[PDB]
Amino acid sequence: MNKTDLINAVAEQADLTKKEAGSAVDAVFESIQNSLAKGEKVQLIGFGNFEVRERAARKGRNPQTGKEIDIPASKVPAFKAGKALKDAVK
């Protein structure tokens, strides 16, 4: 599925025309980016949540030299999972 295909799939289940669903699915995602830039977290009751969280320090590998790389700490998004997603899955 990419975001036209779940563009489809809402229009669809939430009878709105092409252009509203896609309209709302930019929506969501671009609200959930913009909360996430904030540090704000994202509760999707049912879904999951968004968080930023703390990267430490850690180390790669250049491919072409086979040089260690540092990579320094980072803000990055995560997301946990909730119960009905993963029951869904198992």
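Next block: the form solved without the DNA, after the form deposited with the DNA bound:
Chain only, nothing else included.
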């Protein structure tokens, strides 16, 4: 499934023009983006959650090379699937 397939499903199931469904779909991904960007967890009952994971600035060791490196702090997107989604896939 790509973004166009997604837009099409939305057009039917919600009864919108492909133009409208496209905006809705743009809006969903945009809304979510803007929420993680401001650090807000997105909790979607039934589906799952999108969170921002904080990684602390620390001393590390470069994986399979082994030198002591300096690791800057970081913020990365992360998704926690809910029960309904886990079950669907098992």
